[PDB]
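Here is what each chain is made of, one letter per residue.
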Amino acid sequence: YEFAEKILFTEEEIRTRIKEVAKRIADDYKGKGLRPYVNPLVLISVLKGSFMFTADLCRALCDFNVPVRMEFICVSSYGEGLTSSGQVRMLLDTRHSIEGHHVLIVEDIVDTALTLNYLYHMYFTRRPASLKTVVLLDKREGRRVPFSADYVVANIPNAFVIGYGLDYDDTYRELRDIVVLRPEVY
Amino acid sequence: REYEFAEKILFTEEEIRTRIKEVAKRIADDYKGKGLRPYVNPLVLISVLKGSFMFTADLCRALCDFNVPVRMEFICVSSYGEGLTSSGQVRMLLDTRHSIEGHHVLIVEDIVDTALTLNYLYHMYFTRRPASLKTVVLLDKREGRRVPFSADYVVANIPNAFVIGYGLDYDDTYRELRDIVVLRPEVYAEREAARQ
Ligand SMILES: O=P(O)(O)OC[C@H]1O[C@H](OP(=O)(O)OP(=O)(O)O)[C@H](O)[C@@H]1O
Ligand SMILES: O=P(O)(O)OC[C@H]1O[C@H](OP(=O)(O)OP(=O)(O)O)[C@H](O)[C@@H]1O
Ligand SMILES: Oc1ncnc2cn[nH]c12
Ligand SMILES: Oc1ncnc2cn[nH]c12
Ligand SMILES: [Mg+2]
Ligand SMILES: [Mg+2]
Ligand SMILES: [Mg+2]
Ligand SMILES: [Mn+2]
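First to last, the sequence lines map onto chains P and X.
Heads up: the first sequence begins at 5 in the UniProt record's numbering, then just goes up one per residue.
Heads up: the second sequence begins at 3 in the UniProt record's numbering, then just goes up one per residue.
The hints are simulated quantities; they were obtained by calculation from the structure and are not laboratory data.
Just so it is clear, CB atoms sit at the ideal spot from N, CA and C, and this is done for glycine as well.
Incorrect hints may appear among the rest.
Stated by the list, open to error - Computed footprint of chain X on chain P; a stretch qualifies when at least three of its residues, placed anywhere within it, have a C-beta under 8 angstroms from a C-beta of chain X:
1. 48 to 60
2. 64 to 72
3. 91 to 101
4. 172 to 185
Kindly produce the complete structure, drawing on both the sequences and the hints.
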């Protein structure tokens with residue numbers, strides 16, 4: 005890993021933490037009457053970065069017998085400096101309606117939270133039975149708009165991280181670990 | 003693991019992991035002569051959502067094990083919907099963000115059956131002049147073809163029974179299972195009935 009200046013989490017550490025958060029999530033819904041087809045926990049995976057976290061998370065949730073429904077959404081910026089409210093163009097949205105469902109937005113990282121805050125409100129206005137967010141990494145001090153994730157795997161400082169779905173110029177998403185990009189590389 | 007809705011388990015998580023590793027090794031050896039490099043020459047992985055999400059996540063990591071640098075592109079194509087059989091029509095819900103022209107592209111799919119999805123995808127992408135176009139499918143039902151199609155890499159050939167798990171679904175259900183199992187017809191027939 006010559007392009008990295010430090011290792012934050014190895015695949016093994018990530019694996020364990022996800023399992024813990026998944027158990028928490030499962031316990032938190034243990035009374036919501038989740039059932040396949042009619043009442044699944046809807047995971048709204050925000051592309052592209054969360055693809056890896058989502059694959060591992062849904063499997064950990066399955067370990068706790070939580071029936072899930074996978075949704076993948078793709079968003080795009082409208083242009084440079086066009087919004088501040090984190091408004092984004094929806095290229096791909098959920099296949100089913102979330103209205104009346106228990107929904108969980110899945111993200112790899114939250115920093116400024118502009119986009120995630122926007123998406124949260126958006127889905128909130130669609131009337132799901134419930135709406136929460138689970139984010140792998142949280143740069144708590146990076147906020148440009150107040151926003152709290154319901155579940156977080158790890159809190160991190162303002163470093164540029166890569167790996168485990170996270171990229172730098174669409175590179176390194178495939179690493180099994182999360183590392184800090186060497187500022188000499190960036 | 004025991005699944006009430008399963009007739010039987012086709013492949014366990016360990017089995018899939020072992021097979022994906024072997025296929026990734028082959029892909030690495032096969033692309034060695036292309037000099038793939040991060041930023042300038044990555045192997046473009048075209049992940050066919052929703053089904054391919056899990057295979058894609060595990061495969062890109064296995065490719066990373068063998069130093070194959072990749073660039074992920076997520077597209078979304080629909081054909082079966084909530085049912086058990088091909089609609090006969092393939093819908094492109096989301097296409098690539100970037101052009102594949104002049105790049106080495108590998109389509110990553112969870113299963114090839116009638117081959118209408120891949121046939122549609124191939125014919126679409128081939129016209130865009132990529133440097134090369136190959137396909138890796140986790141599962142192949144080689145005797146379900148309605149149109150001919152031969153993937154470059156196949157992790158496993160399977161019989162003609164409805165399979166779920168590891169990204170594969172029946173009415174957007176069971177994609178999260180760690181193993182690939184055969185769905186009991188009494189389960190999907192009841193659900194098809196309820197839906198009908
Ligand atoms: O809270 P914020 O400051 O918005 O930072 C986090 C977001 O930015 C990144 O997405 P990106 O735009 O890089 O898209 P990507 O997931 O496809 O890489 C990351 O994957 C999160 O979605
Ligand atoms: O060879 P074929 O008969 O075309 O069948 C294979 C395709 O059908 C399924 O997709 P589906 O249309 O169910 O979409 P999905 O990935 O979202 O589940 C499967 O994931 C393949 O993409
Ligand atoms: O550190 C980080 N690494 C990758 N993507 C993002 C987005 N925000 N912050 C990031
Ligand atoms: O067995 C099967 N399971 C899930 N999707 C498909 C498509 N074709 N055949 C399938
Ligand atoms: Mg993102
Ligand atoms: Mg990014
Ligand atoms: Mg399907
Ligand atoms: Mn598919």
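Hints, verified against the model:
1. 48 to 60: Coverage by chain X holds here, the residue count being 8 at a Cβ distance below 8 angstroms.
2. 64 to 72: holds (count 5)
3. 91 to 101: It holds, with 4 qualifying residues against the three required.
4. 172 to 185: Holds, because 8 residues of the segment 172 to 185 of chain P bring their Cβ atoms closer than 8 angstroms to Cβ atoms of chain X.
Consistency note: the structure conflicts with none of the earlier hints.
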